[PDB]
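A single chain, nothing else alongside it, follows as structure tokens in the form deposited in one PDB entry.
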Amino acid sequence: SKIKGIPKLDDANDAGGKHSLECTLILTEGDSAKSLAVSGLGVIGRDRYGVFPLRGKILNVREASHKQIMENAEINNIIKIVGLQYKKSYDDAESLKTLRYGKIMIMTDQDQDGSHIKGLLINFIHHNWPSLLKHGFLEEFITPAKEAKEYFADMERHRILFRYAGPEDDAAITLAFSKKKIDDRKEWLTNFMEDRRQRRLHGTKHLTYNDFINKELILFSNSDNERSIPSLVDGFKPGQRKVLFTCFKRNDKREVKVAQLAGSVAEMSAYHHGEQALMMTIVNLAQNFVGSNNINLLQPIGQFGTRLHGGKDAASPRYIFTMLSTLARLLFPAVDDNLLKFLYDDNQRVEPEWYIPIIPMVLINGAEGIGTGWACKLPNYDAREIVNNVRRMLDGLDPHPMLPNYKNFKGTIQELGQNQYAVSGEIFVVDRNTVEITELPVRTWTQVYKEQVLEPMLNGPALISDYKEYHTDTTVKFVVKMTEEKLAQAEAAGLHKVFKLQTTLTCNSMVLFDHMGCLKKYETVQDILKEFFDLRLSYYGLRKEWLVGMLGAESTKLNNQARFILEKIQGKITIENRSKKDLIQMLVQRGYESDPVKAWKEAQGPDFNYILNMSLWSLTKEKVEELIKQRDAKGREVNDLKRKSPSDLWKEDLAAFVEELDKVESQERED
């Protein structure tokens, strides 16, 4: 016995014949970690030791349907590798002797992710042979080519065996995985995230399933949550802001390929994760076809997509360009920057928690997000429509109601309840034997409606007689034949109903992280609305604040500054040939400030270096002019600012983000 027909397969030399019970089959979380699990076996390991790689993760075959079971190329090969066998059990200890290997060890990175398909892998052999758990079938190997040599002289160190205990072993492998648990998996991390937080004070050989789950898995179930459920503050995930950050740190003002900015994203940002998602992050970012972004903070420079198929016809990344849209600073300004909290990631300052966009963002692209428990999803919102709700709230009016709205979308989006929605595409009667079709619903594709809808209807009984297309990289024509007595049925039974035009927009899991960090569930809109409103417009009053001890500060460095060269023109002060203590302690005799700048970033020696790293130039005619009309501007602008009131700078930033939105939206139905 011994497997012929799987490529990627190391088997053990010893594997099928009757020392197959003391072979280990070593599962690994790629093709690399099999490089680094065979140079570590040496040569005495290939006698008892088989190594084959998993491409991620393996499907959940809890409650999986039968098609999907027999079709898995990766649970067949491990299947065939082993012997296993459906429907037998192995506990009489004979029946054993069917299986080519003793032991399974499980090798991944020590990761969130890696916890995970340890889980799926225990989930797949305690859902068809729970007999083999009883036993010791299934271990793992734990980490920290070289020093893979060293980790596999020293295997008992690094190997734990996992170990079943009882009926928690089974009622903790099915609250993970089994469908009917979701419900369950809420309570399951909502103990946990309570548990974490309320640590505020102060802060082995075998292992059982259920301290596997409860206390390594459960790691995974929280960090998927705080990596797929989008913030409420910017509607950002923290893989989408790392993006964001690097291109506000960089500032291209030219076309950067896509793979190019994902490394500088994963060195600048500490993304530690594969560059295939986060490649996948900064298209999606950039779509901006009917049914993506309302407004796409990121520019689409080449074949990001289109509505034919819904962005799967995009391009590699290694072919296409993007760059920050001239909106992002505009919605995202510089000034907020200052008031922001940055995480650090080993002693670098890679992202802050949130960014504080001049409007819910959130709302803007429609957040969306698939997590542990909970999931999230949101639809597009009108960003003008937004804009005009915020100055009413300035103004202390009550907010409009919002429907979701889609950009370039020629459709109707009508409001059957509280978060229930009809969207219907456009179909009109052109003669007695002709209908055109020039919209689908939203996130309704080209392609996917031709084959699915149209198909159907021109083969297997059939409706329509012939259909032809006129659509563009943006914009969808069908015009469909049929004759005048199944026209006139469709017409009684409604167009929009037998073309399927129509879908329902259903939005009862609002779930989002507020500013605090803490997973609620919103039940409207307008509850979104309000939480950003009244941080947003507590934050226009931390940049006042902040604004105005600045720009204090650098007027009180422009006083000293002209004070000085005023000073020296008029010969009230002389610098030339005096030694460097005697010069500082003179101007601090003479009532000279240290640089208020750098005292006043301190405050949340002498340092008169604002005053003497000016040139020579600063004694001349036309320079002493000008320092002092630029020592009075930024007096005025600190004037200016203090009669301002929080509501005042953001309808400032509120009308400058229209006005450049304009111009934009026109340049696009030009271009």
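Definition used throughout: the rigid core is the maximal C-alpha set that superposes within 1.5 Å between two forms. Positions refer to the first chain, counted from 1. What changes on going to the form deposited in another entry:
Core-superposed comparison between the two forms: CA of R631 displaced by less than 2 Å.
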Given for the second form:
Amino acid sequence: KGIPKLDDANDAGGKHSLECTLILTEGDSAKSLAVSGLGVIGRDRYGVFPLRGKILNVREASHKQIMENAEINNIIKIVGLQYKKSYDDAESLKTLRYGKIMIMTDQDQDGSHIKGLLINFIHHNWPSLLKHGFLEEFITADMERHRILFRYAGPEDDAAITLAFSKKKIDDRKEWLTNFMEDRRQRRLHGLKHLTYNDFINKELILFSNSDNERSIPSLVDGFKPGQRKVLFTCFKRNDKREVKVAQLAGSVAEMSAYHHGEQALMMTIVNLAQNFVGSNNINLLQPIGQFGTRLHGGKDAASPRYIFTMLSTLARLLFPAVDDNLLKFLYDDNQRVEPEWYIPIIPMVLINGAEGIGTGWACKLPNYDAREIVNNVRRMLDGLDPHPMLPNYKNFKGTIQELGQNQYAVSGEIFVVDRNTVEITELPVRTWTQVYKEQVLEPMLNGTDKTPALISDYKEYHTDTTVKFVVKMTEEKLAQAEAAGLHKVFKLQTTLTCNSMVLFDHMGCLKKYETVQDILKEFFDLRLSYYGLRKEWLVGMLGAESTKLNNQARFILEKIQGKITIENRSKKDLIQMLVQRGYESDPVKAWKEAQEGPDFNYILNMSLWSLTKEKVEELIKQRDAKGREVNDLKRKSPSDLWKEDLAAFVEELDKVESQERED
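Coords for the form deposited in another entry, given the form deposited in one PDB entry:
FYI, this one's just the chain on its own, none of its partners or other molecules.
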């Protein structure tokens, strides 16, 4: 007692304790449905207590963490659990205020994950309790066919719980999930009350684990996770010419693209897409209009999403050309068409902004690469040559990145000895934030700590919001020692960067590990090249259909102004039959679109009466002719040519955009 949000059971703590159920709900809303579902009657045997958000994995959480956790302590107090005390006999169980815990989560994967973390919590502290049948679940009277009993049934349950939640079973989880993904491919080519913990883990929780990967680990093809892809898709559909509140953009994405989660995560994703400070995006697809955070705090200083604004970068449709949309496979969420399975950008975006995310079994980490360097390599491969090797590269980073080994790099800031008493620091290594360096490095150097001596006499700061300048004073003696020991080393201006986890989803939807970024580059290249061929086939078909369509329209207009044909007072039916008999083609553009998965002459008869006038007749001829020349000008271009055009246009604008950024 004395715990808020708890609706303790009436008979709890008394002689009916072991016949009392604590209902633990995912969220306050689920709690209040449990409350109205009990009525007056249920309050004797049933208590209810909400949890907000994911809970601690206690199995390898530190002791400070476990002792300080609100939720876990609240559950312990409410139920009467005691650490170390096993529940073997029946005199033990007389110490509990409740006899059962009934977990009521959303019937979604994240719901399953909470069920799992709760199960994990009991199993790790009181495994004996699991055997007595302590845990139940409420799936969403009928109210008894909704209840399911978790059954312990031997040591294959201890193995399954540990497979999901032990820091020592990461490799096991990879195998586990590899088997799962392999099975579900096989099932895709063909077709399609007690619950053991093993069956829960291996038939329900694994769906969360998989979904966690699908949402946290990006695609090779466009560098996007599904949430980020929804943000772009929504922005492309909107086509905003002026900025939008981020919070408002989030609701739009939720609605236009069937995003089924809390909008806060969306707003945060949008902020992460727009950020443009040293160590975030080499090319932000979204414009950071307002305070989106700075290198002073790693963006942690962004303003609230209801006071910041964004819109597409002019580089966005240059990187993801609208016409290629006709080539994408757009997904469906209950009969609404949403974002595509991936976009197909002109260079590999996954390398530019350096994908990163954490799933189950695997994680992704990729550093940034230089956009012009990637353009040049793509041009090289278009020439049949081999791509040059690429080092990680961060836009506006003044330091150095040197190869140390396979997928390992030294990232160094800049420190120059000015006089015998003064060093100057003008760059921090990538992802070292200014405030953090000040507090964790320079302060301890000025003040000493309990464990370290002072090393400097003073420091002064001269940063701008995008640059770094520390002026540090020392004694001639201490500077001399610092040099001998290595300035970057002493000043923590040198960090390593290790990339042995380049895990991405390939274009088929398969999770692969890539050993080098040249492998990533080459797989991207082969795919993008074939999509340029698909674009050509599509444009020839479409432009050809438009040519035909203009020819028929222009022929009618001429046949009309010469008295060769009349529609005046002719009936619909006779007009159609006259047109057929004179070899006018049914809507060619519609016919073409149709052949991509009664005769229609509306493209002709929907023309305005203006069409018959002198200038409009001339203008219609010039357009008919111009389309013909446009069909042919396209046929003369190779997929390589089309690509090289896109790349040239992109670089022109990239130069202009980066130039305006250095002035502003």
